[PDB]
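Novice: Okay, here's what each chain looks like letter by letter:
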Amino acid sequence: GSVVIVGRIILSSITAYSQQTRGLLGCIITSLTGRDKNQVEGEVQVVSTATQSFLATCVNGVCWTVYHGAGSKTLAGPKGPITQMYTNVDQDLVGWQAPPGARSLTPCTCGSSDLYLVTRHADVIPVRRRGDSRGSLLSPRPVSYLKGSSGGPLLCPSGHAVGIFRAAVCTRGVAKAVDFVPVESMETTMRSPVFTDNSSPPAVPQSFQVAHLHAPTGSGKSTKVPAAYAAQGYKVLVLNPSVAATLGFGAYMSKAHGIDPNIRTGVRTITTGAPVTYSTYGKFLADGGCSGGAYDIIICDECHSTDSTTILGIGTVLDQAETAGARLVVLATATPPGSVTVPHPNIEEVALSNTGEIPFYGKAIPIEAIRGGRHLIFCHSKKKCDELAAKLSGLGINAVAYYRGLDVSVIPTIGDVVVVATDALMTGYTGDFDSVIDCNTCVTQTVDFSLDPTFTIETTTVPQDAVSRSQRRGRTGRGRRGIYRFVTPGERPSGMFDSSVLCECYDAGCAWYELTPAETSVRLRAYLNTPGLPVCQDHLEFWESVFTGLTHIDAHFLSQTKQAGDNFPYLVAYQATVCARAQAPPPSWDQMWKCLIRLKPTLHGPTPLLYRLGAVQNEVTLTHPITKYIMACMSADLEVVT
Amino acid sequence: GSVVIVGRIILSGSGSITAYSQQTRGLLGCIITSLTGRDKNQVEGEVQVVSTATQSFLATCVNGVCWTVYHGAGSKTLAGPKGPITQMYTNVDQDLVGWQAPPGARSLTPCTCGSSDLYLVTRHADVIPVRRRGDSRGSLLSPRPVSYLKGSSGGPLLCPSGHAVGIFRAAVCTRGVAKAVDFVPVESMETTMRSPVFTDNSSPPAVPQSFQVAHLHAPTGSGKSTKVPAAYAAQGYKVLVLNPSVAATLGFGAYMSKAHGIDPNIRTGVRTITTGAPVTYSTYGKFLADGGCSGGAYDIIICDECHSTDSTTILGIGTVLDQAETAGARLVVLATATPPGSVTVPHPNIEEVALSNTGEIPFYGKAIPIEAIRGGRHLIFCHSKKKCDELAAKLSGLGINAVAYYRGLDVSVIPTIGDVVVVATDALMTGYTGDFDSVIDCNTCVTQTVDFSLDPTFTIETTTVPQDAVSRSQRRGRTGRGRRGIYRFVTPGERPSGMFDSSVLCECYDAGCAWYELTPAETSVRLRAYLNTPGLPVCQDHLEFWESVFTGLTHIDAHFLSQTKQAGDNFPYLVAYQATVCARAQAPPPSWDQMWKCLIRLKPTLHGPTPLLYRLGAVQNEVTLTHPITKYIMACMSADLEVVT
Ligand SMILES: CC[C@@H]([NH2+][C@@H](C)CC(=O)NCC[NH3+])c1ccc(Cl)c(Oc2ccccc2)c1F
Ligand SMILES: CC[C@@H]([NH2+][C@@H](C)CC(=O)NCC[NH3+])c1ccc(Cl)c(Oc2ccccc2)c1F
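Quick mapping for you: the protein sequence lines, in order, are chains A and B. Last residue of the first sequence: 642 (the working numbering), numbering continuous. Last residue of the second sequence: 1645 (the working numbering), numbering continuous.
In short, the hints are calculated from the structure, not lab data. Just so you know, even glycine gets a beta-carbon here, dropped at the ideal spot from N, CA and C. Warning: the hint list may mix true and false statements.
[Claimed, not checked] Partial list, computed: chain A residues near chain B (C-beta under 7 Å):
hint, residue
1, 14
2, 28
3, 350
4, 354
5, 359
6, 452
7, 618
8, 622
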């Protein structure tokens, strides 16, 4: 679907009123055709996707809005879908060429500090500017008041535009200030390349640089280019999110480039003396980051990956590499932020229909599509993998489930098979398939600052984004002609990640890498300070403050949550430690709390609840000092998108 | 709009009960089908996935009827092969509606085992074990977060043989965790099917020999509050007529003394009169203030506008129903033009016209042209006091006599008489009795809703929402009275009538404590009688919860409470009680919103965090949760709470 104009905010000796020009049906049809002929009028449009409504503001002949609302979508237009003229993920800013009829606001120059924000309800909220991109509300408002107003203008008294509203800054759910994208970031954006060539690995600079490398897998970004640098005499570390991929580089590089490299993973180390080393991010973090003077070049492969181990790992590289004598960090990926999936010449993509014997996410798979050959079906959950593999086995189709916690030997590697997998596949197993059948959904964790009493870390199912679709689809088509079958053409915006992943970084710092909360922050700051990598909200101080108060964890409980391999081992074992020491029960008896089972006979009363990591079945008390500490941390300024 | 079938859940016909879903329609297909009401797709399966524009849920075919919940479907039609299918059954009381199953659908059939091992089928085609605990209740073997069950109301509960025991309607939650399920029992369905599809309530009942409650569903103008009390009194009975509105109460009395001969007793705050006549007109408020039913005083009590869901009406009606028999009454009449499940139908005297984007006056994303309102007398419903002042101002700039009216302002600012454009909230309807040349309707209203947010306790939120069939009918009713009338509207959307939020129950306890010297237990008796009475508006049974909350709110500061009562805002007791806890701790209120104005004079002595009891608005100050009352209300949140799914 295209983004679709559904109304406009008409400005005036500053007043505002709204007009709605389209209902739900109009909006849906136009989104799908991308053809919109209605008259366009005004500086501020009210726009909508199928999932969301927000604002867009025309400036210098460009219709600007927020990346978090529009992603990389086309805008419905009179001559059809209008491709974005500008996509600046780093600034949460996108732009379309304004169609005829749209009027622009002119940049505010005088440089006033009394500002006015125009909401989707056509209120005019006075704001006092502070920095380049922040303004304090004269009258604090509940945050819900600003939702749907992303993209709306911040105006000076003359009525010229300072920027566009992008996010509220909250204290316990009350918007005290607002974050905006200034008009100078728009101008900068208007002068950036039509297409920057990033497909060429850079030459080694005289002094430290950070370079991007955008190219497909099979391009040789992780094999050909390290070899080339090695031939020139450089030492080079290659970092990858997958244990299986990393191990795979050793036999491949020996055979293909006559280099038997150093290989480093949690489960296996090989030191050959070679000038090229492949390592996982996790093992790099375990080894303590950059070895003094060891490498000239660090290639951060699959740098689009937004698991916490990758984020902290790259952040560590960016904080440590220059000081460690390296000359060149390369952030390499085939799918950078803002990317969209395009047709692949070697992959035929066919939508599932309802015809077929095997039900699948509301559609159907014909048995003939999978009866023989080697096929991969991506499901969002363990449980769905188990049920579908059972169904297929019951029909006598050779089928196996793969997900985190299973050994990869469940395979086979050769012969007919239907592999029914989660995304754990993309790191546990390197092979390709004759076809991929994709549910087009995934599980992700999201933080909710729920104040009940503190925060909640929630597991949710969401539509895949352009990175998930392209990486799932890419398990077919490499050196064979492939087929990609799908439930829905949907595709969320690529390149953004949740604050709960930042929380996981501090968790893993504490649990695995002996990092103090403050050292994790330094490394993440270096990542946050780096354009062209995936984007998140700036919640470093908030999470640092939470983990800073979590002292004297019980070593034993921690070792058990680590061994068990589930998410947030530090927060889980830290809750367990509070419970055990207060002689009180855990929030429930789900397997998350199993390190406490031996104490079940003696644990009683309400749970000293710190935070919510699942269902809370027991009664809760709020009297524990740590709970009070974590509640005070909730008063921190928090960016939240509107 | 029609309900639309967008998928189905297929159940295994052998072995252990399993299921899978099939999606049959996209979003675009769903909206088009809901607009036309014409659904070509053949149906299959017994469990359908259904959707309106605002939500998705399930319906289960049992015995040739496709059943679902009223909280999901309201009174809507079902998109069908030959056009919209009207509901055969609309059982608001049971949260059960039914449409005749169209060709294609199979039906499940009721169980015969009587087994207590049940299986709930969800919209994601999970099959969840449940242990039957009573007629309409089952316990989950594995408690689940409540969000897991949302969108699954209308789903079947199955016995092990795959037959139907009932349909799922609500989760019973404990602090956000579903532990049990509430369902409509299959025997309720069977009874319904063996009973009349149409029942007569169009005429006032004969006075029975012994106590009865009867419904009177009759249009306005049929003289529910004039003709029918008069007719009964003409037979020699004593009649009490209760109405929410002072203005209507006084208007009816005056009308009777002029047109029906009799000078009746009048009972209101502003005007009370004892003539000794056998007809008495009173507000529900004055009735409660007098202490309810005065023994042996009336033979018949007409509870008029009994569709109203303000808390005074509910508490008043509950009182009459708890007390009338004992006080010696023969008949209670529950009278309304718009009973629950009713729908707005066309009216001959009133021409209805969509508002467009053409016109000089912006209005709720559309426009009013000055042509439409420059001559004559018109009424424009706005949702908020704020927008009434900004439209009246924007209208009076263009040489238009525009008077805004809302709660707080006084009637008699409304020209009688002259050319005029009253711009008003729904306060207009309890305040003023006059009609207009036209009505322009924003089709939205402001309501209160409770969220069991546990942050730390509950939140009462003020939200703007689309109007219901009652609000539409009543706003439109201010024109076309015995003459030509025009009704202009921003939107044709009309949400389901006759339901009310748990926040109103809260408000009943608040009002009992604030105004009528009722203990929470006493209020519970009156509300129970209301909840036990079919055909009246419906709500969730949160009575033990709310009674438990107010039971701990003891020793309120009387001065604060007298100030919040006189100020006239909602929840005077909960506001004054938070204010009380604040002052006694010398702590500030949660914010300096007008809500907390009774504390402004103390501003210079109040310091530290607010001992927060609950959320009634934005909380700007730091908070502490150590107050014993906060701890008490937190304990109360452990109550078993029905929440719909
Ligand atoms: C404009 C601010 C920016 N966040 C900064 C912390 C920079 C950053 O993301 N650094 C990471 C390294 N490249 C930002 C940019 C884009 C978006 Cl979409 C932002 O908002 C969200 C919102 C929700 C989830 C993720 C990002 C954003 F804050
Ligand atoms: C089936 C339960 C029923 N509630 C009972 C307390 C009966 C009742 O409402 N009595 C009031 C006087 N007649 C019930 C019926 C219909 C609906 Cl829609 C129910 O659920 C809601 C949900 C949200 C808001 C209002 C009603 C409901 F519980």
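Novice: Each of the hints needs a verdict: does it hold here or not?
Specialist: Against the structure, the hints:
no.: 1; hint: 14; in the structure: violated (15 Å)
no.: 2; hint: 28; in the structure: holds (5 Å)
no.: 3; hint: 350; in the structure: violated (17 Å)
no.: 4; hint: 354; in the structure: holds (6 Å)
no.: 5; hint: 359; in the structure: holds (4 Å)
no.: 6; hint: 452; in the structure: holds (5 Å)
no.: 7; hint: 618; in the structure: violated (9 Å)
no.: 8; hint: 622; in the structure: holds (5 Å)
Against the hints set out earlier in the document, violations occur for numbers 1, 3, 7.
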